[PDB]
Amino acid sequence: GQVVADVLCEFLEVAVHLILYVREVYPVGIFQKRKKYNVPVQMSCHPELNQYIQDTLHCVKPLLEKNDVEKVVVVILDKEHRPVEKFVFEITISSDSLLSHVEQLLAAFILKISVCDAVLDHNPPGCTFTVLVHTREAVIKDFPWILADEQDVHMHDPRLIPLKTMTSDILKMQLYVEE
């Protein structure tokens, strides 16, 4: 329960950073490698951006603790505050031996965002982002949450981009065991 919310919150935070990096929402100069993970990770060093992402997700954490969260969407906007890109994380077993659970979610997402880096055109300059939280059917000081408008939700003709990983193309891997 608690542990799942914690794993997901950590993952989601790093994920926000890697989206901002790969998509150049902010200048590459604010990003640095984190050797705290045994998977490659770029994260912002910009203290106020980091505080912002952290506050956001630590508001989301209590809802994850009780499975009230249907999805978390990281939305990339031009500064017309139109959604131009939507990273949807739907919220719906393995050993720690090579990768921690957090690192496994990171590896999977890194495989996806790397394809992303190749299929998607560059975004216009001056893009920003926000996070949308999608609760299921049925905190912090001066960090309130409002109801989203339907301007930063819907798109003129959204295109689902299947981010099919490298391996998926190259290799299919199957395990057969005895009796």
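Numbering follows the first chain given and starts at 1. Here the rigid core means the biggest group of C-alpha atoms that line up within 1.5 Å when the two forms are laid on top of each other. Compared with the form deposited in another entry:
- In a rigid-core overlay of the protein, residue 106 has its C-alpha displaced by at least 2 Å between the two forms.
- Shown in the overlay between the two forms, fitted on the rigid core, is a CA shift at residue 31 smaller than 2 Å.
- In the core-superposed comparison between the two forms, residue 22 has its Cα shifted by less than 2 Å.
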The other form holds:
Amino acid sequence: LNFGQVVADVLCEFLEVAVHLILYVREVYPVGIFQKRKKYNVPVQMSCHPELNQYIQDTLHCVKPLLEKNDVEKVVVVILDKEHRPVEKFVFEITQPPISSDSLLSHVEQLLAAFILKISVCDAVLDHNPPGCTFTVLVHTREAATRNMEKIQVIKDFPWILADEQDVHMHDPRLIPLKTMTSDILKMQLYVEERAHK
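Moving from the form deposited in one PDB entry to the form deposited in another entry:
Lone chain follows.
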């Protein structure tokens, strides 16, 4: 199984909006840098800050070609506390379903807007994060394969490394499912892992 270019484009647009929303609802950055916009016929908050925007843009631009060949199991937005321990994780787990489902492309907005709505109200079910949190994004490949690095390593200015245990391990995690969707060609699931005392 492989996705296509456009499915991968769809997913990257989706993830850009999402990452912005997360950084907003979890006050990783202060509200003063955001502006109301509208994606998938619904209200979101997009950062205005050019450096931050370029970071998120760069990140996803690099993931794109691995989505193309369906080589990504998870994209993870990790929130790190002041001492750089992970406090919280937003996981987009991406599967290929093996036909009576909805068409992904015909129904894009209904299908993805559901994720966005859930991110908007998610602080209702998460514990507040401490002050000082930063973020990082992590890509979990299906395989440990050379080609993932070739494909990811497309902006000289914006290189990638393999992560360690430090970047990943969360103590005593609790799980909060947010949204699960199946389609034509794609099964995606968004769920949060938070630390049990933050």
